[PDB]
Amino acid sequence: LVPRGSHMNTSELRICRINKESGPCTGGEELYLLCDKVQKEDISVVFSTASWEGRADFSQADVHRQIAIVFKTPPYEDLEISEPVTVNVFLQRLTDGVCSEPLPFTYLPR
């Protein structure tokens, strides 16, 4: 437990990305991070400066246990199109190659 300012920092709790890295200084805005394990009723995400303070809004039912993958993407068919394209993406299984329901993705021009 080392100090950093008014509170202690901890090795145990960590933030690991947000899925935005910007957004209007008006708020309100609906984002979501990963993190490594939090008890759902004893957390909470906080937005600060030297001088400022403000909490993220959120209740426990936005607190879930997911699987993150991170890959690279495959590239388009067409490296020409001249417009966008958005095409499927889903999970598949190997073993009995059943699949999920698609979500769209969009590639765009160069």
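Positions refer to the first chain, counted from 1. Compared with the form deposited in another entry:
Among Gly28, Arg65, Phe90, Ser22, the residue lying at the hinge where one rigid part turns against the other between these two forms is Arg65.
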Contents of the next structure:
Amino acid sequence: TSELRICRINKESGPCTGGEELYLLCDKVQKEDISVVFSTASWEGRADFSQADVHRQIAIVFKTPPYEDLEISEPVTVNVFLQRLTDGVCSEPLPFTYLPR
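Form deposited in one PDB entry done, so how does the form deposited in another entry look?
There are no partners or other molecules in what follows, just the one chain.
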């Protein structure tokens, strides 16, 4: 019943350690019913941010969750998407990749 979509993300790579700060523009969302999810076919981490970090329903400032394997050798690109909490529906995904160290 409502549109869920990411229009862009200020960064495309980042260290697997996680905790990095990112900015993302999206279509109108509800600060009290929204979440950013990073994932693969086997894993799935939820980004960290407060309802106060959801600027006018069209942007969210969060911190990338740390990757499953904090000891990677090669980079690992994962999916990033918005997901409502009322009905868990997700939006299309955008590419973000984790880096070694």
